[PDB]
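The chain that follows stands alone, in the form deposited in one PDB entry, written as structure tokens.
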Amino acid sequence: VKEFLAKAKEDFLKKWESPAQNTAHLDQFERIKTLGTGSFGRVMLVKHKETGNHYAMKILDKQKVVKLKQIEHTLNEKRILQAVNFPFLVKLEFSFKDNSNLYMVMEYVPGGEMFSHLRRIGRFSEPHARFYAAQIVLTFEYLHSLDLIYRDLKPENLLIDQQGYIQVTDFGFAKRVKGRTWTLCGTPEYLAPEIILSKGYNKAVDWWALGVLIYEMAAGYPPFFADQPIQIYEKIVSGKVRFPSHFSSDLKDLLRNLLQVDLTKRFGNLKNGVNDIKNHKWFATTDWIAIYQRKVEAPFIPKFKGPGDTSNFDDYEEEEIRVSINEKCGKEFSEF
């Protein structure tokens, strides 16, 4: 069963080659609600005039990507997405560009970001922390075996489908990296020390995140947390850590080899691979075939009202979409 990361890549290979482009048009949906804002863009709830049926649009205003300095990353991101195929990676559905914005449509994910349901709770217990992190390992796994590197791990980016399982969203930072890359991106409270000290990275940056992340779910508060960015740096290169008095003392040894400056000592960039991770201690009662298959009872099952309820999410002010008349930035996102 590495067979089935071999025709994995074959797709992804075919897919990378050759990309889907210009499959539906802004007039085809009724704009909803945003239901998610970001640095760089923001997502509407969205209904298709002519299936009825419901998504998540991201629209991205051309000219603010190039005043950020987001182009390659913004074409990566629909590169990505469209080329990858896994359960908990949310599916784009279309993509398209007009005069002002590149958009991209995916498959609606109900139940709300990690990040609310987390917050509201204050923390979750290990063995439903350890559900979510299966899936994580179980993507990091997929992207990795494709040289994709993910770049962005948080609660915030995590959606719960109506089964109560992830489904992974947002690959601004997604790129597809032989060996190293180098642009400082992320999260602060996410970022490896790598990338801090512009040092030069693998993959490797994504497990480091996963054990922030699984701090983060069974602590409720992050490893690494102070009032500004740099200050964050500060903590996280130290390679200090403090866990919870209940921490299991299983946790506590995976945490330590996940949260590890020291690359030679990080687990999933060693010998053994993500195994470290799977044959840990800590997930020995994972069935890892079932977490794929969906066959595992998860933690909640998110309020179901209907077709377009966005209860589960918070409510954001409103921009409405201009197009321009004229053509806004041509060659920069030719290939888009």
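Under this definition, the rigid core comprises the largest set of C-alpha atoms superposing within 1.5 Å between the forms. Positions refer to the first chain, counted from 1. What changes on going to the form deposited in another entry:
- With the core held fixed by superposition, the comparison between these two forms singles out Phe40 as the only member of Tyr55, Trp282, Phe40, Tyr292 whose CA moves by at least 2 angstroms.
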The other form holds:
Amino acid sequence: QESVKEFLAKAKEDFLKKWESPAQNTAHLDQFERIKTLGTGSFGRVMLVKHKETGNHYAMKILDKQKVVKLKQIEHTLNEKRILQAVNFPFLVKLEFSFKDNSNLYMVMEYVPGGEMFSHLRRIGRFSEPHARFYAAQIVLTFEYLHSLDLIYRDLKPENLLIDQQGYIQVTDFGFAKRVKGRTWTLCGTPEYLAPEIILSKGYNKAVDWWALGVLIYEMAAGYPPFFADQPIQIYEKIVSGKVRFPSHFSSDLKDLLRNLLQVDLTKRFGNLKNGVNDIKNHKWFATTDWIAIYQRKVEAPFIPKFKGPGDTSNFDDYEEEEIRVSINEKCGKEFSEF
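The form deposited in another entry, contrasted with the form deposited in one PDB entry above:
No partner chains or extra molecules come along with it, only the chain itself.
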């Protein structure tokens, strides 16, 4: 416990230095060769690229400034980059470079070829309780780290959990990550993973991450999320109801933990009590977990993604290659001046 406290203090000092003096403009597009588009969204894309000089592969997130403004994701994109450049933890994907041009914002990250947990979960069906516990433990440590720096993550789901070549998690997408002391109000996340207090719209705190952990653990072990319905409105009804139905194969301990994580009133929810993360870390379901060994990656992973070489992308879906448009005129200069 003393080694944790001492680790987190050093980590806060490290974070705050970089938080106060953010790295900017540490590379340029011309330094990278495009290999393949790994994914697309409403205001950007992520591409596999090769750094021309070193031959190292990276995952490059490219965001269209005009589209970020239109979808009102300005502050969110600024948060993402500022937080990512300042954090350092094994289970967070490392931001190696960032920069911008006339048209786009760029975040070059370590490439994780194993793909998203979500795809592996669908292929396998459901994880064993020992299997789920392995992943969950890493998320518990990751939140313990993030919350210690007053950071809420807010985008937990298996889609955002990449599996590295050691079979350990790397969390990607900090679009909803925010530094806040106390409460915040933005309606954001994924309907299946939203805490009641987000839906209720009265404001909320880091306790929403612990709720989402409850959802993640359920989804991992059951093969499907605890609150599912045809339409978001019906999903939200189930969430705020205070009712969960657990599969028969769920251990008594697992159910107890999920009852305490999927706790509707944020003042009785595990991880938001006076005793914080220890209520989770010391829970019976985790009695077998060696938290230090997990941090170190000394625990045998349940599954190692097949490596198929550098620049192989078989763990990702296919996407048509579209142009990377760079305008001659600077766009949205003011809005993204801090990037």
